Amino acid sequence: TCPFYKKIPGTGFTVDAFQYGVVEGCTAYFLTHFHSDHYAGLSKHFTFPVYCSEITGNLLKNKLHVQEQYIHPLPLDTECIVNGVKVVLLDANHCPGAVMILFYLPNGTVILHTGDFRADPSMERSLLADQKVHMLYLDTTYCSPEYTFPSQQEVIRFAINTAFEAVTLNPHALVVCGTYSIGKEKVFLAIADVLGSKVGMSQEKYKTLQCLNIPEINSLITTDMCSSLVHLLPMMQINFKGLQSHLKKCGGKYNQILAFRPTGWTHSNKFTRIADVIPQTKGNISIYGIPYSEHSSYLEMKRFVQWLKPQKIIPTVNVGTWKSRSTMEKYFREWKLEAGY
């Protein structure tokens, strides 16, 4: 059945709740972003109103075939009325089209649902600054102090410099990047830009990227693999076997692969700086795991919450075990006593 942390009290609304069949009492289903654990259940047979960003609505229409009449895209940073309730969509700094949702309840309660987000000090100057938030439905993915990671800018600098050096030493090296969802497009687009190439990819993945309103995209991507020296593959093919296989398919155009796996977190982060990252190598194949995150680090999360000062926090991630739930609740109380709210 639908869990309580997916329901917005005082409304007929749910968030990211498409796999429970008809939710009793639901008048509008919000979708924060186009990731499968959140859209799970949508298809061309869905006949209830879906509220989302423009980009998420492009993916619903083109990838899932949801009928246009049930897609309700809203502009960001704009007061909108949905079934008599004021809402605002805010950029969540997650994947393309991902939003946070502000609900202004008829009784005067204000609720922020972060969806999935990577907290940023820029958020402290959005429409959030303008009123008090009483309840926070929080993306707690990395809510423990072991989770540190570098800025996205530092990670992309490392990837650009590594790729440019390799290909300049060996003009017959191929760069491969893994993907299994939207998000993290900066990794492959930045590397292709420094090398003067388009990114080559499957017809399915090209279609997906063409829904994202990315500026000048026709100039950066292609389905012609032969004309590209940065290839995108399924994350599952980023291993020695899969890459050896791919290299055979390129017909002797290349004699070396340098591959990137943008993971979330990996426990090399507790010890190792970005400067000191090294690949796994076999033969003429090297694989780099780079800590490019689209979720908050522990410190980023803590800063956002201590700035916002909510009266009540409802975690949305890691809620399945008592030990996780109790650990998170202890951090929330620490943050509140340190900051004085």
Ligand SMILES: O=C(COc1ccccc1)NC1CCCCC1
Given for the second form:
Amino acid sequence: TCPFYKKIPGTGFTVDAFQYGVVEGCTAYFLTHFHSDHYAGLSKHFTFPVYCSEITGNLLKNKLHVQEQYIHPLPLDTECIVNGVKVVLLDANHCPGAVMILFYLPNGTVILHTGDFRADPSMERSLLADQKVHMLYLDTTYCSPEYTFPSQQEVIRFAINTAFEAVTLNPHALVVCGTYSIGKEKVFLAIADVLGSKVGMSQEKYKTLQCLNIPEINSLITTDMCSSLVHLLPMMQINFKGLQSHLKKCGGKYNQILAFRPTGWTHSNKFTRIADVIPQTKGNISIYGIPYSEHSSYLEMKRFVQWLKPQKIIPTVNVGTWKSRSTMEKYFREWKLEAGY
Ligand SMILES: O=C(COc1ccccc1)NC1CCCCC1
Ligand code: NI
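Having seen the form deposited without the ligand, the form deposited with the ligand bound:
What follows is the entire complex, opening with the chain shown before.
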């Protein structure tokens, strides 16, 4: 059964609703981004129209094998008519291909669905600038003031400086970066760039990255592991056992591993600043957890919502408990009273 917060009223549209079978009355299925919780249920035998970004469409075709006849890519920042309704796709500042969707309902109501997003002041100068939004379907992943983390730029500066120092001290060190989905590619691309190397990876991960429209990608990545001193591995292998195993396979080329585990928020963000971050170490292996977020911090979310001044907010994350629903509703009311809308 498809839940209410994935339906768009007054239309035949759903958003990120592929795991409920045939949804009654749905004429077009929107997909905000290529993350498995959101695409859950999509496969090669899907036979209804799917509306999405170009990048998401490339991933649907090549990774899930959805037939081309059902993939409807739309350009960003452009008014489009879908089944008699005006829509706009906006960059979500999440992973590659991720969008927010503006719906202009036939009755005059305007709805914004953020999908997953990392709110930014630049969104205040998007096509949102003009206009009234009556309903906001909001990515509330980190909707509590405890959720603090640095800018993406600060985290990348830390990673580049850490990697460059380690490899300049020991030219026989290998750098390894964990991954389990699209997103956060800047981590491994920025480290490889400072080290003068391509990024080495499996055939499967190479295929995925080839779908993302990254400029000059062929100059940046490779399946030839021997040519590369920055390697990508599944996130599940970023531990002392897994990294020891990997080092054995490298034919005596390296005598040290420096590894990065991009995470979201963790409770060490309540205590330790990015500059003060230290690794876990066992012998010649060191592992850094770095808080590289592709979701809004509490402060970023609050700024966006107080600027947009929506008439009603519908959370799309942390909706499953009464305690988390009540917590979110209290913050929305504070924000409204503070700003006066
Ligand atoms: O209980 C939770 C579960 O996730 C929530 C996320 C947003 C709003 C409400 C809940 N988190 C807590 C972590 C430690 C301190 C802050 C809330
Ligand atoms: Ni996501």
